[PDB]
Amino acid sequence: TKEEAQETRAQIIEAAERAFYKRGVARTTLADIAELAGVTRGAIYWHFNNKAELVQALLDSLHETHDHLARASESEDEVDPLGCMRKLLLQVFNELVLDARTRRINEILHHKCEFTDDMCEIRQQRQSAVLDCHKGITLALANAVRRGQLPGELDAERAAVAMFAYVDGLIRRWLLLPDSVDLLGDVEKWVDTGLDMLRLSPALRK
C-alpha cells in the first residue's frame, strides 16, 4: 500500500525492458538493471529475488490489456465466443503494432532470451505460461462448438495448438521482417485466415 515502492517497482520494470532489449536477457545482471534505473542494488532484491522473476513480471504485463476479452471468450455464458476470440486476436495484433512497449517485450521474449540450464526457471515459466494460454483457447474453442460457430466434431485440443502455433509464428515473422507483413493494414485477413483453418480443416475434426 506504500507508493515509493510502487514507483520504484515500476521503474525497475521499465529499465529491465530497455536493458534486456539492448544487451539481451543472458548477459544482463541485476546490478546492471540497477544503475540504469536510478535505484539501488538492495531495492532490486527487495523487489525481485532473481532475474527469472523479473523476466516473469515482463511476460505477465502482456496479459493485462487482453484480460477482458479473454475471460469473455471462455465463459460458457458468452453468447458469441468465436466473437470474443476474433476481437482478442485483433487487439493482440493491433497492440503489437501501435504500442512500442509490447513490441519490445515480445522482442525480448522471442529473440533475446535464452533457455540455458544455468537459468532453468526461464524455460519452466515459459512452459507454464503456454500451458495456461493453452487451457484458455481450449475452453473457448469448445464453447464455439456447443453454440454452433465451430464444426461440431472439432478437436479443441489440437485446434488450440494449431492456432497458437499460427499466432506465435506470425508474431515472430513480423518481429524478424515487419516489412513483409502489413500487419496493421491487413490485420483482419491474418486473424481470419487463422480462424478459417479452425472451422474448415478436416484434419482438425474428431
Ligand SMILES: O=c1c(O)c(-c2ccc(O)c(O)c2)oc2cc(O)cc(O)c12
Second form
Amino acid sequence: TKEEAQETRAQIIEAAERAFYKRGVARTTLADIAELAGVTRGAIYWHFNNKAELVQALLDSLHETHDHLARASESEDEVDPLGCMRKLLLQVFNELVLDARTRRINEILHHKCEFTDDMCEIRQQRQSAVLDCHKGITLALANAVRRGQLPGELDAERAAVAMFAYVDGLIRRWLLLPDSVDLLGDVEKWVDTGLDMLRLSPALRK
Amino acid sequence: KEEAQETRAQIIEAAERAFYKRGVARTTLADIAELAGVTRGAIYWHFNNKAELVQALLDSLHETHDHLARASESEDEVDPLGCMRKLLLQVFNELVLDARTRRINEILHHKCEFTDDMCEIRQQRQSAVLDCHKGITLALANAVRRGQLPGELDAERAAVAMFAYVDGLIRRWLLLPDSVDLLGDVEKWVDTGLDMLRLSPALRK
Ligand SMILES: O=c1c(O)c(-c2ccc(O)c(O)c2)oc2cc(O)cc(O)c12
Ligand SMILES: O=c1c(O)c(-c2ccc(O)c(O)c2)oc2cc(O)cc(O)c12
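Complement to the form deposited without this ligand: the form solved in complex with this ligand:
Every chain and every other molecule in the complex is listed next, the one we just looked at coming first.
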C-alpha cells in the first residue's frame, strides 16, 4: 500500500532531480526518469501527469525548510517581522550552501529549465510562484512599516520587488560563479545589504 | 558581399527566431539553416557550432551601451556615477523598447540551459559576467575617488550587489512584464539600486 506508493514517489522525485540536473528539463522525459528511478512507466503517470507537474513538485520541496519563519514574518500579530524576514534569508542562504539537494534544484530552476511554447506550464508555474513570493514579502514589509521597523511611508510593493530582485540575482550569481562570492562566511553582509536598501532608499518611499 | 558578408547577419536573425521558439537545447544548425534559407555549409563558414551563435547574440548586447560604459570606467571622466546611471537608463530603455534586445535577453535568461553536452555555454556566461564585474568595479573605484560614493567602500562587493539587483530586476520584468512598470518608473528603479551603493553600511569596509 500506501507505504509503497509513497516511497516510489520519493524515488521518482529523486531521479528527476539527478536527470534534470545532468541533461536539463527540455530533453528529459518521464520515460527516462522512470528508468533511473527503477520504477515502471505507469508508476510515473499515476504519480505525475507530465513534466510540468514534476518540476512544480521539486520547486515545492524548497518551501518546507523555510515554512514557519515565513508565516510568522507575515502575521500582523508578530512583533518583529523584519527580524523574521532577516532570519528566513539567512536560512535560505545557509541551506543553499550546505544542502546539495537545495543547490541542485535551484540550479535546475535557474540554469537548466527553458520556457518554451511547447510546455507553457513551466512558465505559468513560475509566474505564480514569484507572484506568491511577492504577495508574502509585501505583507511582511507592510507589517514592518506599522511596527516602525522600516520607513513609515515605504512603498511596500516596489520594495518587495527590489528585494526579491536582489536576492534572486545573488543566488543566481553564486550558482554561476560560486568561488567568487563567499555566501557562507559573509552571509550576514549579503542579507543586510539588501535589507538596508529597503530602509534607506529614498527611491523606495511614498 | 563577397558571397555574403550579411549572410552572417541573416543567420543570426534566424538563430534568434529558432532559439526563441524552441529554445537553445533542441535547436540544431539544420533548423537555423532551414530558417535562414541557406545550407549548413554556409553556417559553418561563419560559425563552428551552436555555442558560437549564442556567443554572437550575447556580444550583440554590448554594442549600444559601449560608449557610456567606456566613459564610466576611465579616470578622465568628470561624472562616473552619472555615466553608470545613464548606461543603466539606456539598458532598461533598450530592453523595454527594442523587441530584439528583449528577445535576446529572454533567450539568455529563460531559453538556454547549461548542460554537459554544451559546457561552453556556462563557460561563456561566466566570463561574460566576470567581464561585467571588472567593469562595474572600475566604475565604482573612480566614483569613490571622487565626491560620488563613500570612501573606501568595498568596490567589489557593491559591484556584485548591483549586478545582482539589476540582473534580478531584468529577469523579473521578463517573467512578469505588467508588474514592474520598468519604463516610466525607470528613474526609480535605477536609483533604488544606486542608493544601495552609498546609503548601505553593509557595503562598507
Ligand atoms: O522567501 C524568499 C525566497 O524564497 C527568495 C528566493 C529567491 C530565489 C530563489 O531561488 C529562492 O530559493 C528563494 O527570495 C526572497 C526574498 C525576500 O526578500 C524575502 C523572501 O521571503 C524570499
Ligand atoms: O552594463 C551593465 C549591464 O549590462 C547589466 C546587466 C545585467 C543583467 C542583464 O541581463 C543585462 O542585460 C545587463 O547590469 C549592470 C549593472 C551595473 O551596476 C553596471 C552596469 O554597467 C551594468
